[PDB]
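Student: Below are the chains, spelled out letter by letter.
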Amino acid sequence: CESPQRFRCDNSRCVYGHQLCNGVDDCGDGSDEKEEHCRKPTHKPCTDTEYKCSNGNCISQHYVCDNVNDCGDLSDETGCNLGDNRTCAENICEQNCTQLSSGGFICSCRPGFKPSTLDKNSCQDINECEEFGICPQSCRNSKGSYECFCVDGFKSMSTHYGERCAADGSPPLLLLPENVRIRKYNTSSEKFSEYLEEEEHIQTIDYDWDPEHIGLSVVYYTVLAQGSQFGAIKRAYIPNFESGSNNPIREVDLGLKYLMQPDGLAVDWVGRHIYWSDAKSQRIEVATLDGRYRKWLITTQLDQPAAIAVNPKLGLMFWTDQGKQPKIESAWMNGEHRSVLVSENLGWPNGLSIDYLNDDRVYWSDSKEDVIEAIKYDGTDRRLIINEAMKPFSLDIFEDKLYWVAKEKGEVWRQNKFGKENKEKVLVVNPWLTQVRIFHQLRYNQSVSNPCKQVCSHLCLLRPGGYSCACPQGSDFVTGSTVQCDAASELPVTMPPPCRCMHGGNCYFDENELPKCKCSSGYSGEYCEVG
Amino acid sequence: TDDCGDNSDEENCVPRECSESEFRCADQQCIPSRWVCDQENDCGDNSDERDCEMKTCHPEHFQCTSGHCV
Amino acid sequence: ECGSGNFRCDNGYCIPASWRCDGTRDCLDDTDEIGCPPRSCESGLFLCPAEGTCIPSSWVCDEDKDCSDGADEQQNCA
Ligand SMILES: *[C@@H]1O[C@H](CO)[C@@H](O[C@@H]2O[C@H](CO)[C@@H](O)[C@H](O[C@@H]3O[C@H](CO)[C@@H](O)[C@H](O)[C@@H]3O)[C@H]2NC(C)=O)[C@H](O)[C@H]1NC(C)=O
Ligand SMILES: *[C@@H]1O[C@H](CO)[C@@H](O[C@@H]2O[C@H](CO)[C@@H](O)[C@H](O)[C@H]2NC(C)=O)[C@H](O)[C@H]1NC(C)=O
Ligand SMILES: *[C@@H]1O[C@H](CO)[C@@H](O)[C@H](O)[C@H]1NC(C)=O
Ligand SMILES: *[C@H]1O[C@H](CO)[C@H](O)[C@H](O)[C@H]1NC(C)=O
Ligand SMILES: [Ca+2]
Ligand SMILES: [Ca+2]
Ligand SMILES: [Ca+2]
Ligand SMILES: [Ca+2]
Ligand SMILES: [Ca+2]
Ligand SMILES: [Ca+2]
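Residue numbers (UniProt numbering), protein chains in the order written: chain A, 3885 to 4415; chain B, 3744 to 3813; chain C, 27 to 104.
In case anyone wonders, no lab produced these hints; they're calculated from the structure.
Hints may contain errors.
Stated by the list, open to error - Simulated pairs of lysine-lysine, PhoX-like, Cα-Cα distance not exceeding 25 Å:
| # | chain 1 | residue 1 | chain 2 | residue 2 |
| --- | --- | --- | --- | --- |
| 1 | B | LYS3798 | A | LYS4309 |
| 2 | A | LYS3918 | C | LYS91 |
| 3 | A | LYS4260 | B | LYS3798 |
| 4 | C | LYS91 | A | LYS3998 |
| 5 | A | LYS4004 | C | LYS91 |
| 6 | A | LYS4260 | C | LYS91 |
Stated by the list, open to error - Ranges of calculated distance between the beta carbons of each label pair, as one might list FRET restraints:
| # | chain 1 | residue 1 | chain 2 | residue 2 | range |
| --- | --- | --- | --- | --- | --- |
| 7 | A | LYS4260 | C | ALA97 | 35 to 43 Å |
| 8 | B | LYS3798 | A | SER4054 | 28 to 36 Å |
| 9 | A | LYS4260 | B | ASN3750 | 46 to 54 Å |
| 10 | A | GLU3974 | C | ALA97 | 27 to 35 Å |
| 11 | B | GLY3787 | A | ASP4094 | 49 to 57 Å |
| 12 | C | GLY70 | A | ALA3973 | 55 to 63 Å |
| 13 | A | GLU3974 | C | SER69 | 55 to 63 Å |
| 14 | C | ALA97 | A | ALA3973 | 30 to 38 Å |
| 15 | A | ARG4134 | C | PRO82 | 57 to 65 Å |
No residue lacks a Cβ here, since even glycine has one placed at the ideal position from N, Cα and C.
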């Protein structure tokens, strides 16, 4: 049981060759998967008669500046100016100036620097922030150094296989829509709890975080057309707290009639508008959150508009077409400057999500090519994140991990969002599963001010660095003005009061149907808050 | 329509183009233009009746406030 | 034409002067935020225009890509 060929474990049994620290205990006491001898025991000291080169290649000084590369990257030949009449004391080199045995001075760039490219004996600092997945949330550059700082609302938490930053609040829920119901799931508590039930033909989900700050977010959901009856966009409250089943959720239709297959829906929380894409109507259009002032936004060159997304910070909307000519296109929320981001090596782009906290990077899911890719919002630097994704149907990004639904398996799957590590399975649900969406506040930055000055009569759409005026379909501006439109205004729609029993108790309808809670043991108040 | 008796004609059928006075239904079928918003389900799933608050009728037809043409 | 306190956009729609340089477009031709005095910082420092923070003459012309635009080595070091 010799160390050079066998790993002598604590239990006196020895382990053959490469099995040491392979990821499975071949010893039988747990120390086979430990740091000890297998993990980085020595760090190669090299002498004045060698150069430990740019990449750690230690080579004899006789080979340095001999005009034959040993180092691989030619760093043992970098500079190589020659003549014994020359010394390092003359200081030609910017930083680590050194003296060689033959022909005078020879000089290395410092660790974290490369030779100047416009000249030798000179070096730049590497801007390491440009490397993909070098920092989890943010990067600041320094001379051969950097910091993985993370933005406000993210506490730095040292973790396994690297450091990440926490959620600074309640653990994220997943929303999981099936044809007949929407389900919740606490990612930390790992329990389902009842939500919208006795529904039919559901297809997609988005939400507005606590618009009235009364501690109740609202989720928007789509119902498909069935038989000879049209679909609907409907909306309902969802508790941010732990309550469920005890709270009768009341659905209300927005009244957006003449609707067939809204496979894509997104809610602009800044502009207070709802964007949806009807596959059968071959258009993507916009209306206010309560369903007034319907306006067709884009109606040309759309075969089958799939899932869409909006980025109010940059004033850019994104959507996917999965017809005969697959493509991913972005435009202003106004609808101007429509452009195509990616149209090559695309199968069925059916789910799209934006990483707001990381350079506003865009990810999408391809259910035909069986891959998930990421591109910058301008369309450069395309790279596949994960392959063999087993036909992802939908995706969402949260923290340092990416979520998707493996469609026909009905499984929810999870992975490092930078393409590293190995896949993880979260849970298994019906083949009726049609989305995953992380229900959390950090997921949509709530402190993004709406630039609208209330000047607009009916709609105030966003655009990069500002806003614009528009009015419903089949109407035009009053002649000479670009604000007022001739269409008669409509009053905002009143949403019925919700059920709010936080720590427990059951909702109840009185004579005028106002909600009221029967508080549980050891809690009191109108909504059973303190006890 | 199954004419041969063994559905030979309808097998691998690519839907035909519509002509100048026809509207292509949701499920890729052509019907007369005069059937669009006429208070009847003609495309099988009322897809012709879809969203006609925003179009005029034929010159000889009166338009109801609900967008239908009579 | 309109009042003295209203800045006119090229299309004829005139906005209040308070909405000049306010950080947001208001003219359909963006003219209210165009032709507006750019930000600046104290002596020996520089503002990287892409991100808008004060950086020193340590890093402007340090021969490398210190600003987020990467551009100091030609735009400052002319
Ligand atoms: C959500 O969006 C808001 C902006 O709507 C982000 O807030 C800004 O974050 C930056 C990050 O470093 C701060 O500097 C901003 O503070 C302001 O900075 C300017 C100079 O750039 C000063 O003139 C201001 O006085 C102020 O100090 C901050 N702005 C505001 C209005 O809060 C926020 O980071 C972002 N959050 C997430 C999680 O994405
Ligand atoms: C999801 O589960 C987490 C626990 O993993 C819940 O967090 C706790 O919730 C209780 C509720 O009374 C709080 O008092 C605790 O302070 C929370 N603990 C932590 C770790 O923060 C969370 O509330 C659950 N959310 C839902 C909606 O189920
Ligand atoms: C220059 O290189 C040597 C290794 O040969 C290293 O130990 C030293 O720290 C470097 N100089 C400075 C100032 O860091
Ligand atoms: C109204 O729609 C009908 C049917 O499509 C005709 O196209 C007609 O020309 C339209 N009328 C106007 C004024 O555009
Ligand atoms: Ca092992
Ligand atoms: Ca050499
Ligand atoms: Ca650096
Ligand atoms: Ca009809
Ligand atoms: Ca302005
Ligand atoms: Ca520089």
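Student: For each hint, tell me whether it holds in the structure or not.
Tutor: Here is what the structure says about each hint:
Distance hint between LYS3798/B and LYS4309/A is unfulfilled; the C-alpha atoms sit about 51 Å from each other, more than 25 Å. Our distance criterion of 25 Å between C-alpha atoms is broken by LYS3918/A and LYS91/C, whose separation comes to about 41 Å. Taking the CA atoms of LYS4260/A and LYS3798/B, the gap is about 40 Å. The hint is violated against a cut of 25 Å. Taking the CA atoms of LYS91/C and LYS3998/A, the gap is near 13 Å; set against the 25 Å cutoff, the hint holds.
Of the pairs offered as hints, the one joining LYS4004/A and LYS91/C holds, with about 18 Å between alpha carbons and a cut-off of 25 Å not exceeded. Simply put, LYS4260/A and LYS91/C have alpha-carbon atoms about 20 Å apart, close enough for the 25 Å limit, and the pair holds. Distance hint check: the CB atoms of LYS4260/A and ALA97/C are about 18 Å apart, inconsistent with the given range 35 to 43 Å. Taking 28 to 36 Å as the suggested C-beta distance range, the pair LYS3798/B and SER4054/A does not conform, at roughly 49 Å.
Roughly 52 Å separates the CB atoms of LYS4260/A and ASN3750/B, a value that falls within the hinted 46 to 54 Å. In this structure the hint that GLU3974/A and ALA97/C lie 27 to 35 Å apart at CB holds, the actual value being about 33 Å. One distance hint, 49 to 57 Å for the beta-carbon pair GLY3787/B and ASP4094/A, is violated here, with the actual separation near 43 Å. Distance hint for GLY70/C and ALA3973/A: a CB-CB separation of about 32 Å, inconsistent with the stated range 55 to 63 Å.
One distance hint, 55 to 63 Å for the beta-carbon pair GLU3974/A and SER69/C, is violated here, with the actual separation near 35 Å. Between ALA97/C and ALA3973/A the CB atoms are about 36 Å apart, so this pair conforms to the stated range of 30 to 38 Å. Checked against the given bound of 57 to 65 Å, the beta carbons of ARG4134/A and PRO82/C, roughly 60 Å apart, stay inside it.
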